[PDB]
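As a starting point, one isolated chain is supplied in structure tokens, in the form solved without the named molecule.
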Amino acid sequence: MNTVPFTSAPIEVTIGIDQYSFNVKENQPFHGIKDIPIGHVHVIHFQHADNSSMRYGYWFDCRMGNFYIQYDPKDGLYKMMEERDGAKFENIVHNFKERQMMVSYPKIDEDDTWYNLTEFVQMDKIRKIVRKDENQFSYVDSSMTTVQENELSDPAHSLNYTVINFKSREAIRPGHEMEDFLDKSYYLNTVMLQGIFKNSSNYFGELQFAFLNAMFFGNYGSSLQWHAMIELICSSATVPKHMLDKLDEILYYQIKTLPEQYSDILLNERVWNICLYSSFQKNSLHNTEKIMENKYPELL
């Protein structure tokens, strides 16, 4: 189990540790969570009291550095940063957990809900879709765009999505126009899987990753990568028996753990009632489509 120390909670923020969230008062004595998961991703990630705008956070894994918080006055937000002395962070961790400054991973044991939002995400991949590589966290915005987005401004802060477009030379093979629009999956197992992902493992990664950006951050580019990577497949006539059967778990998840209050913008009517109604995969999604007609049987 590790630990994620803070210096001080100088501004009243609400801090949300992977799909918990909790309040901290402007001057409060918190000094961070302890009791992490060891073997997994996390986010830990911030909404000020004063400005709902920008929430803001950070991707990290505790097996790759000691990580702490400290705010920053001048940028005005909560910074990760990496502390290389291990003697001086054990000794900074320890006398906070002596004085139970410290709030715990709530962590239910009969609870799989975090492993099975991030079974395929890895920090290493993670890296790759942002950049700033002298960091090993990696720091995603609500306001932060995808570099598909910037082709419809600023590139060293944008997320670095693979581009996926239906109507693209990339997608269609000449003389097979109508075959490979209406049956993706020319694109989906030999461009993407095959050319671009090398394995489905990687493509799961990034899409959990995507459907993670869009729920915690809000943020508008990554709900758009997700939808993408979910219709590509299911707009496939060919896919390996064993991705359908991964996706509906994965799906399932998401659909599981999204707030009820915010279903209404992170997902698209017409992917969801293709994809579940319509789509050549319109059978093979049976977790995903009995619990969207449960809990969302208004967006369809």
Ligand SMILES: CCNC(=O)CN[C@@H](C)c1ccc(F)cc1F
Contents of the next structure:
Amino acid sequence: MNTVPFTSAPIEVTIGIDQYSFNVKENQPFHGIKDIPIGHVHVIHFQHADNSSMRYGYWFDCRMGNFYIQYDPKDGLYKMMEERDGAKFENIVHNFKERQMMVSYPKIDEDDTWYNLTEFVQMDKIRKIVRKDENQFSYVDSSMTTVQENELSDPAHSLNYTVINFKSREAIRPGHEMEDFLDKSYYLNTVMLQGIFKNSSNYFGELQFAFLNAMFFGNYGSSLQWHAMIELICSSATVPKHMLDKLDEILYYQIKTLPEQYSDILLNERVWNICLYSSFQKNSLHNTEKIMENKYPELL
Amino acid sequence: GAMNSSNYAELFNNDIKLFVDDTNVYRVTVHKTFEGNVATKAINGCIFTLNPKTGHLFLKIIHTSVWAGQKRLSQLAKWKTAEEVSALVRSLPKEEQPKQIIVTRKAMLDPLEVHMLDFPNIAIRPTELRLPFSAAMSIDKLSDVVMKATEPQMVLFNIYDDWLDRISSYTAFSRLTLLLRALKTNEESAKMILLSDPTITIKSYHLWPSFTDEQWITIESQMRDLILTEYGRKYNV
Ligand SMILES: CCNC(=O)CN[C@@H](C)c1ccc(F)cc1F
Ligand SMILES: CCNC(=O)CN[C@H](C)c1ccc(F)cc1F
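So the form solved without the named molecule is up there; where is the form solved in complex with the named molecule?
Everything in the complex follows now, all chains and molecules, and the chain you saw is the first one.
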């Protein structure tokens, strides 16, 4: 069980750690989160009480280093940093555990939600989408644009998701225009899976990361990416059966976790109706269709 | 974006553009079978691709053999249209290629866009105008070449005959649209108007009769009367 120490909490803030959130008051004696499960990526995220504009946060994996948060009064944000002195860090975490100044990651034993949302998400792939090579953790915020959004303006601060564009030469073989446009299997299986992602696990990892950035930061380009990666699979007549079964599980847990009051902005009516009712895969996503119809029958 | 009444004179500027109408590509007769079910039989069709400034009409005849063994023919017809338009563009010298293609039906947008991905600088536009180009098969010489075709074939026409010697392309397009709207609303009456007087002939190399300027004003007036009438006869007004 790993720990993220906070130097202090000088500004009132809602702190989230994966699907949980707690409210910290200005100058409340808050010194971090402990008992963080090992084996998973995690995200620690922030919304200031005074300016709900800009949610922001950090993806990290405690196996890759010792990380802490310290408030910077110049840049006005809680910053993640790596501590290279393991002696100092282990000592600090201990002293803090003793004084009961850290909250405990509140996971229910039965609960697999975070695993189910991050099954294929790997820190190494996150670090290729969010490029800041000097750190082992990755900052994301509500405003960051994607490479594809930038083509349609600071490259260093962009989300480098794989570009998916259904009306592009990459997606359409010369001489197969109708075939490839109406059945996207060649773009899914040859271009993206065999060519770019190498396997379905990497594809699902990026899809899961895109959803989580959409949900936790309201990052619009990440929502676009999530829906595009769903639509590409659903619009393919030929999809490995193990991928369809896994997609149904992935989307089920995403829809289950999505806040009800955000469904209006985070779910694209066109994509979901096409995918569940018109696409080649309209009859392959049983769990997802059942939760969607019982939780968000309005959208459909 | 879309072409409408606001931006109508754009059709007659000096940027090359083509209208594409696909309404006569897939044509059928519906009939009963011996068992009392219903079936369709295809008949030859055509793509109507028109330069509205010059009158040049690229009439690609769609022979029924292209549908043999194919499914979902109404969807295929849109993709076949887009394939033939793209092939036409590629066959033209660069300086003759259009800068815009305007499709008369919005369902042609995605098929044409995908077939024209190699031409990112050619704009594919819809229109809000309800243009009467489906009535092109009411022009006798056009219907004749389509129905006689025994294989795929492209035939080039000037749909304005020689009108541009005496009128502007705006006026010529307006006359064409009036004639075609009339033929669409009441083909018999329209054709009577056009062929009533036997002393006015259609030259061998023309599609419409050799009306003088004064006769065109009279003809045009008769066609407006027809469209207004039929619009009365229809809505009882
Ligand atoms: C060179 C100055 N930087 C540091 O002292 C950063 N060290 C971190 C681990 C830390 C220090 C004090 C705390 F109360 C809580 C902490 F997390
Ligand atoms: C079942 C509770 N779930 C929640 O989101 C709220 N639980 C409190 C506020 C909480 C959240 C995160 C944490 F690290 C420690 C905490 F005590």
